[PDB]
Amino acid sequence: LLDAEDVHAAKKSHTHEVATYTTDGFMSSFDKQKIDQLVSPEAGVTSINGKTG
Amino acid sequence: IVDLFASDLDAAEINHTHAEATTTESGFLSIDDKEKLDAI
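As they're listed, the protein sequences go chains X and U.
In case it helps, the UniProt record's numbering puts the first sequence at residues 54 to 106.
In case it helps, the UniProt record's numbering puts the second sequence at residues 107 to 146.
This list has only true hints and no planted wrong ones.
Cβ pair distances, simulated, as ranges: (1) X:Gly103 x U:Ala145: 46 to 54 angstroms; (2) X:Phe83 x U:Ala112: 44 to 52 angstroms; (3) U:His124 x X:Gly106: 34 to 42 angstroms; (4) U:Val108 x X:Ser66: 54 to 62 angstroms.
Quick caveat, the hints were computed from the structure, so don't treat them as lab data.
Don't be surprised by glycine CBs; every beta carbon is placed ideally from N, CA and C.
Using the sequences and the hints given, assemble the complete structure.
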C-alpha cells in the first residue's frame, strides 16, 4: 500500500508556511486583513531647510 | 518644506543683545556707566 510519503510527494492537503522578508510563501491572515484596508497616503516631512535624510 | 530660525525655536539669536544691568538685575554695561568709569 502506497501513500504520499513513500513516493516522496506532498500530501493532498498541505501548507507552505508564510512568506518572510527573504522567503516566499503564503500571507498571514493578519497580512490579508491589513492589505485590503491599507491606504496610500503616508505623509511625513519631505525636506527641511533644503536638507533631507 | 518648512524653514525654522532661533526665534521660531524660542531661542536667542546669534546677533542678539541683553538688558542693561540695573540696581536689581544684572546684564550688559550701559554706555553712560562705561563713560563714567573711564572718566573716573
